[PDB]
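*Asks:* Single-letter residue listing:
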Amino acid sequence: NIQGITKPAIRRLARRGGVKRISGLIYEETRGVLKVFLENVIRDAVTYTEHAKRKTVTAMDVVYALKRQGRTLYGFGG
Amino acid sequence: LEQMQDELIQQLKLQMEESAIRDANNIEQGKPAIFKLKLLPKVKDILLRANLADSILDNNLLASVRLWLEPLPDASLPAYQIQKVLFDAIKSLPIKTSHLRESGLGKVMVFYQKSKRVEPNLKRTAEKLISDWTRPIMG
Amino acid sequence: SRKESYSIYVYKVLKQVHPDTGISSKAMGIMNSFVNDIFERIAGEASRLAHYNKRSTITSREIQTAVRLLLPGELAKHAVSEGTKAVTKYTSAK
Amino acid sequence: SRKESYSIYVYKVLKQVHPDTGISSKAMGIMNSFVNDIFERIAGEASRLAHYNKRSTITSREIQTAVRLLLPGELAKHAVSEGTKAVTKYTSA
Amino acid sequence: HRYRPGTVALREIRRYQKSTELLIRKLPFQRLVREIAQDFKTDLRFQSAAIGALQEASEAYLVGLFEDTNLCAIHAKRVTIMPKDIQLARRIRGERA
Amino acid sequence: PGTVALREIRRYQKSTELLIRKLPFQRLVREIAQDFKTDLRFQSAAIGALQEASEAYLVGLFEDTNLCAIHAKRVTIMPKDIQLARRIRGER
Amino acid sequence: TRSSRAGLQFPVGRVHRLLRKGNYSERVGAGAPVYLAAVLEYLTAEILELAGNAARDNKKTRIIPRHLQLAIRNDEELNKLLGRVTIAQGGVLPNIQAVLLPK
Amino acid sequence: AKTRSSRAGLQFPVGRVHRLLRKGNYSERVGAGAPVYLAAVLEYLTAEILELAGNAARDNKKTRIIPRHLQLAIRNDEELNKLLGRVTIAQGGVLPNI
DNA sequence: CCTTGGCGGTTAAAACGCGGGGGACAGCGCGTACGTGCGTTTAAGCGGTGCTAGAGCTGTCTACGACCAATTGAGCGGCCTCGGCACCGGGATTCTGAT
DNA sequence: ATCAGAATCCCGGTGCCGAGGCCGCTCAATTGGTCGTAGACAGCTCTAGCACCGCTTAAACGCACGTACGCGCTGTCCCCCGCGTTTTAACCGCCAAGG
Numbered sequence: 026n027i028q029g030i031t032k033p034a035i036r037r038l039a040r041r042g043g044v045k046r047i048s049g050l051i052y053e054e055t056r057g058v059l060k061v062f063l064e065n066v067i068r069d070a071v072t073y074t075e076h077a078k079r080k081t082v083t084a085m086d087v088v089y090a091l092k093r094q095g096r097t098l099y100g101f102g103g
Numbered sequence: 152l153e154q155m156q157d158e159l160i161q162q163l164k165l166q167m168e169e170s171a172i173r174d175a176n177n178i179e180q181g182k183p184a185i186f187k188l189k190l191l192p193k194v195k196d197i198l199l200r201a202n203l204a205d206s207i208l209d210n211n212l213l214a215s216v217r218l219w220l221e222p223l224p225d226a227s228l229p230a231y232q233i234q235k236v237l238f239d240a241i242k243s244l245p246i247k248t249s250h251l252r253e254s255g256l257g258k259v260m261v262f263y264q265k266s267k268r269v270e271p272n273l274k275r276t277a278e279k280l281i282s283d284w285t286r287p288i289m290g
Numbered sequence: 033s034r035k036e037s038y039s040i041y042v043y044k045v046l047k048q049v050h051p052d053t054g055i056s057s058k059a060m061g062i063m064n065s066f067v068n069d070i071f072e073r074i075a076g077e078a079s080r081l082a083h084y085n086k087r088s089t090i091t092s093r094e095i096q097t098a099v100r101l102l103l104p105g106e107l108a109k110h111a112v113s114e115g116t117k118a119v120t121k122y123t124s125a126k
Numbered sequence: 033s034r035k036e037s038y039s040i041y042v043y044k045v046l047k048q049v050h051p052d053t054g055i056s057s058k059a060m061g062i063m064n065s066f067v068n069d070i071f072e073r074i075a076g077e078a079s080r081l082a083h084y085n086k087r088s089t090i091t092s093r094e095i096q097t098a099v100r101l102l103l104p105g106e107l108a109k110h111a112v113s114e115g116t117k118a119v120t121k122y123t124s125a
Numbered sequence: 040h041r042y043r044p045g046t047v048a049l050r051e052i053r054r055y056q057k058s059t060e061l062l063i064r065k066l067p068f069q070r071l072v073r074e075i076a077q078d079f080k081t082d083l084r085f086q087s088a089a090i091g092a093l094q095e096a097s098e099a100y101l102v103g104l105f106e107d108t109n110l111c112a113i114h115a116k117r118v119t120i121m122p123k124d125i126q127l128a129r130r131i132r133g134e135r136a
Numbered sequence: 044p045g046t047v048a049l050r051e052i053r054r055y056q057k058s059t060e061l062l063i064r065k066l067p068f069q070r071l072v073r074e075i076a077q078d079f080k081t082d083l084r085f086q087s088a089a090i091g092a093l094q095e096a097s098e099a100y101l102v103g104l105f106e107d108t109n110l111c112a113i114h115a116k117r118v119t120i121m122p123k124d125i126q127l128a129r130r131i132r133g134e135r
Numbered sequence: 017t018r019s020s021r022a023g024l025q026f027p028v029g030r031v032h033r034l035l036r037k038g039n040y041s042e043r044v045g046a047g048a049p050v051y052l053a054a055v056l057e058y059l060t061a062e063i064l065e066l067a068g069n070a071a072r073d074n075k076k077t078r079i080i081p082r083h084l085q086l087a088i089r090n091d092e093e094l095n096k097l098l099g100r101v102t103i104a105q106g107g108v109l110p111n112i113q114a115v116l117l118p119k
Numbered sequence: 015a016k017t018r019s020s021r022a023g024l025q026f027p028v029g030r031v032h033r034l035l036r037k038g039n040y041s042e043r044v045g046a047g048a049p050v051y052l053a054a055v056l057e058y059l060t061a062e063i064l065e066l067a068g069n070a071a072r073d074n075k076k077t078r079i080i081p082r083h084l085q086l087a088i089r090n091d092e093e094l095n096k097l098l099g100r101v102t103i104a105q106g107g108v109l110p111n112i
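So the protein sequences, as listed, match chains V, B, L, F, U, H, W and R. Sequential numbering of the first sequence, starting at 26, is according to full-length UniProt numbering. Sequential numbering of the second sequence, starting at 152, is according to full-length UniProt numbering. Sequential numbering of the third sequence, starting at 33, is according to full-length UniProt numbering. Sequential numbering of the fourth sequence, starting at 33, is according to full-length UniProt numbering. Sequential numbering of the fifth sequence, starting at 40, is according to full-length UniProt numbering. Sequential numbering of the sixth sequence, starting at 44, is according to full-length UniProt numbering. Sequential numbering of the seventh sequence, starting at 17, is according to full-length UniProt numbering. Sequential numbering of the eighth sequence, starting at 15, is according to full-length UniProt numbering.
What the hints contain is simulated information worked out from the structure, not anything from laboratory work. We treat Cβ as the ideally placed atom computed from N, Cα and C, and that holds for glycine. One thing to keep in mind: the hints can contain errors.
[Stated by the list, open to error] With beta-carbon atoms standing in for the labels, derived distance ranges: (1) U:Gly45 - H:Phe79: 47 to 55 Å; (2) U:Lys80 - V:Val61: 14 to 22 Å; (3) H:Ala92 - V:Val61: 30 to 38 Å; (4) B:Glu278 - V:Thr31: 50 to 58 Å; (5) B:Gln166 - W:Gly23: 36 to 44 Å; (6) R:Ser20 - F:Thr116: 13 to 21 Å.
I would like the entire structure built from these sequences, with the hints used as guidance.
*Replies:* Have a look at this one:
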C-alpha cells in the first residue's frame with residue numbers, strides 16, 4: 026500500500042513546494058520519510074484510542090497526537 | 152461520516168431516556184406506557200444496521216438499553232416487543248467485557264434469567280448470553 | 033448535545049470590524065480552534081507563573097505578564113493596552 | 033530551611049548499581065534537575081489525558097499510558113514492566 | 040510544438056501554489072493508513088475526518104520538507120533535489136540523528 | 044596548514060571548560076540587560092547558566108554550519124551557511 | 017451580564033467557568049477573565065480584519081481558510097505567533113526562488 | 015513495612031510523590047497506585063542512567079561521576095539521547111566526532 | 001432448460017519508452033584569504049577588603065473569592081429562504097518558442 | 001523582431017445549497033448573601049552582590065609570509081523533462097459447457 030503514493034503525486038507535492046527538477050531516488054526517499062512520520066503519528070493516535078477504549082481512532086486522537094508532536098492543526102475541532 | 156453517526160446515536164439516547172421517563176410518569180399517573188412503543192420502530196431500525204454498532208459502542212447506548220430493560224418500580228415488566236427487540240439487538244452486536252463494564256447489563260441479564268414471568272425462550276437466550284459473556288473472562 | 037463554541041462571538045466581532053463580509057463554516061471552525069489554542073497557552077503560562085511565585089490565585093497580573101511573555105512587542109503592547117482599558121472600564125462601573 | 037532534593041535516593045540507587053563509584057555534587061544537581069523534569073512532564077501529560085477524557089482522578093492507567101507516549105520502544109516496555117511489577121507487589125503486600 | 044524543459048515545471052508550480060486541494064488520492068492514502076495501523080492493533084476503525092486530518096498534516100509536512108530541500112539544493116548551486124539534500128535538511132532540522 | 048587546527052579541535056572536544064572569557068561576557072550581559080530595566084542585579088549562577096547555554100547553542104550552530112559547508116563541497120564556513128542553518132532551524 | 021459591564025462581546029462567565037474547571041489554580045481572581053477576554057477579543061479582531069482585507073483583495077465577501085492562511089503568513093507578528101500551526105485548506109504563499117526563474 | 019516505599023520495595027519516597035501530586039494542582043483526585051507506579055519508573059530510569067554513567071567513568075579510570083560522564087552516557091545511548099535531545103548539560107562538553 | 005463459472009469491456013490516471021537538451025559533475029588554473037609563526041600589549045584573573053541594597057522571613061489583618069440558592073435571559077437547536085459563488089462555454093488576451 | 005498559436009484571464013448566465021435569520025426553550029451566568037483565608041503590608045535580618053584596588057601572566061593582537069582552496073571556466077554526458085503510447089484493475093455485460 027506504500028506504492029499507492031505514485032510518482033506524479035510526489036511530483037505534484039514538489040511543484041507546490043517550488044521544486045523545479047527532481048532526481049529519481051527522491052520518490053523512494055520521500056516514501057520512507059512519509060512512512061516514518063505516519064508511523065509515529067498513528068502510534069500516538071492509537072495510544073490515545075487505547076486510553077479511550079474506543080472502537081475507532083477519532084479526529085480528536087489525531088489532533089491531540091499532532092499537538093503532542095508540535096504540529097498543531099486548526100479546523101478539526103481543536 | 153462517523154462523527155455524525157455518534158451525534159445521531161446520542162440524540163437517540165436522549166430520546167430513549169426521555170421516552171422512558173415519560174412512560175414511567177404515565178404509569179405513575181395511571182396511564183399505559185406508550186412512548187416506548189412509539190420509539191421502538193426507530194430504535195429497531197437503528198440497531199438492525201450493523202455498521203452503526205461501533206458508534207453505538209462508542210456512545211454506550213447499552214446504558215439506555217439497560218434503562219429500558221430495567222423493570223419499573225411498580226414491579227411491571229416491559230412490553231414483550233421491547234424485550235424481544237432488545238434481546239435480538241444484543242445478539243446481533245459483538246458485546247465485549249468493556250462494553251458490559253460501561254453499561255452494567257449483566258445485572259439485568261441475571262435478573263431476567265432468574266425471573267419467572269419472563270418468557271422461557273428469553274430465559275434460555277439470557278442463559279446463553281451470560282455464558283458467552285463469562286467465556287472471555289475465564290479464558 | 034449542547035456543546036459550546038465561539039462562533040457567534042467571532043461573527044459579532046467580524047461584523048464589528050467588517051460589516052460587509054461573511055465567513056465560511058470551515059473558517060469559523062479554524063477560528064474557534066485558534067481561540068481555544070491561545071486560551072490554553074495563556075492559561076498554562078499563567079499557571080506556571082502562579083506556581084513559580086507560590087500563589088493560589090490567577091489574577092490580572094499573571095494574565096498581563098503571560099501576555100507579555102507570549103506575544104511579540106507591538107502586539108503585546110496593544111493587547112495590554114486593550115486589557116487595561118477594559119479592566120478599568122469594568123472596575124469603574126459596577 | 034529544609035530544602036528537598038533526591039540526592040540520598042540517588043546515592044541509594046548508585047550503591048545498588050555501582051557500589052564502588054561516587055557522584056560529584058554537580059552530577060547530583062543534574063540528576064535532581066532530571067528527576068524534577070521527568071516528574072513535571074509525566075504529571076502534565078497525565079493531567080492533559082484526564083482533562084481530555086473528562087476525568088478528575090489520576091490513576092495508574094493514565095501514568096502507564098503517559099509512559100507509553102513519552103518513552104521509546106524498549107524503554108517504554110521495560111519501564112511499564114517495572115511499574116506494573118511494583119504496583120502489583122505493593123497491592124499484594 | 041515543444042516547450043523548453045522547465046516551462047511546464049514553472050506552470051505547474053504556479054498552478055499548485057494557487058490551489059489548496061489535496062494532491063494525494065484518497066483511497067491509496069486510506070489503504071496506506073490501514074496497512075500501517077494494522078501493525079499495532081487489529082480491527083481498528085478510523086473516522087473519515089481522522090484520515091482527512093492525517094492527509095492534511097502529511098501533505099503540509101511534506102511541502103515544508105520539500106521547501107527546505109529546495110533551499111539546500113539552491114545552496115549547493117544546483118537545481119535538482121537529491122536524496123543527500125533531503126538527508127541534510129532532516130539532519131539540520133533535528134529529525135535524523 | 045590544517046594539522047594544528049585538527050589538534051586544537053581534538054583538544055577542545057576533550058574538554059568542557061567555557062571558552063568565552065567570563066568578565067567580558069558579564070559586561071556584555073549587563074549591557075544587554077541595561078535596556079529592559081535600569082540598574083538590575085544578577086546572580087553569579089545566572090551568568091554561568093547564560094554562558095553555558097550560549098556556548099552550547101553556538102556549538103550546535105557551528106555543527107549545522109559545518110554540515111552545510113561540507114554539503115557545498117567546501118571546508119570553509121561562510122556567512123551564507125549560517126543563514127541557511129538559521130533559516131532551516133526556523134530562526135528569525 | 018459581566019460582558020456588558022466591561023463593554024465586551026466575549027463572555028466573562030464562560031471564561032471564568034473554563035478557568036475554574038480547568039485545574040489551573042485553587043482560586044481565580046475577578047480581574048483575570050476580563051483581561052484575558054479583552055486580549056482574545058483584540059487578537060480575533062486583528063485576525064478578522066486582515067482576513068477580511070485578504071478576502072476583499074480576492075474579491076470575495078466571505079472568508080475561507082485560504083484568506084486566514086494568507087493573513088497569518090503575511091503578517092510578521094502573527095506569523096511569528098502562529099509559527100507551528102498548519103491550516104487545513106490554507107495552502108502556501110506564492111514563492112518562486114530567484115535562481116529557478118527562467119532566462 | 016511502615017513506609018509505603020517498603021511496601022512496594024522501592025527506594026524513592028512514595029509519600030513525597032503523593033504530596034507533590036496532590037499539592038501540585040494536577041487533578042481533583044489521585045489514585046493509590048499512581049505514586050507507586052511513577053516512583054518505580056523514576057527509580058528504574060535513574061538506575062538506567064547511572065549504569066551507563068558508571069561504565070563511562072570506569073572507561074576513563076575515574077571513581078567519581080562528573081557531568082562529563084553523564085553527557086557521554088546520554089549522548090551515547092540512542093534512546094536516552096532521543097529522550098534528552100533538547101537538554102543542555104552544564105560542563106558536559108561534546109562527543110569526539112571528526 | 002437452467003444454473004453454473006467464465007471471458008471480454010470501458011476507462012483515468014498511471015506506467016512506460018523515447019529524444020535530446022541542459023544541467024550535474026569532473027578537471028584545471030590561479031589568486032587571495034586564511035593558517036601558521038613570532039614578538040608585543042592587555043586585561044582577565046586572582047586575591048584582597050568594604051558597604052550595603054535587597055532578599056528572605058515573620059506576624060497581622062482584611063477584603064476577595066469560594067459557595068449556596070434563586071432567577072431569567074442568552075445561546076442553543078430547528079428550519080427556513082436567498083444570493084455568493086461555482087461551473088461552463090465564448091470572447092478576448094498574452095506569453096513561448098520557433099522562425 | 002515578429003509571429004502563430006497554446007494558455008490564460010476574463011464575462012456572463014445559470015443553479016444551488018449553505019450562510020444567515022428567526023422562533024422556542026433550558027441551563028448556566030447573574031444576583032444575593034455568607035465565611036474563611038490568601039495575600040498584602042510592615043518590619044527585621046543578614047547574605048551576597050556590587051565596588052574598588054593591586055599584582056601576575058597567559059591570552060590577545062598586530063604583523064609577516066606562504067599556500068591551498070575557493071571560484072571561474074571548459075567539457076562531457078546522461079538522465080530528467082516533455083511527450084505519446086500502453087497499461088491496468090474496479091466493476092461491469094454477454095457468454096459457453098455441464099447437470
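*Asks:* Of all the hints given earlier, name the ones this structure violates by number, lowest first.
*Replies:* Structure breaks no hint.
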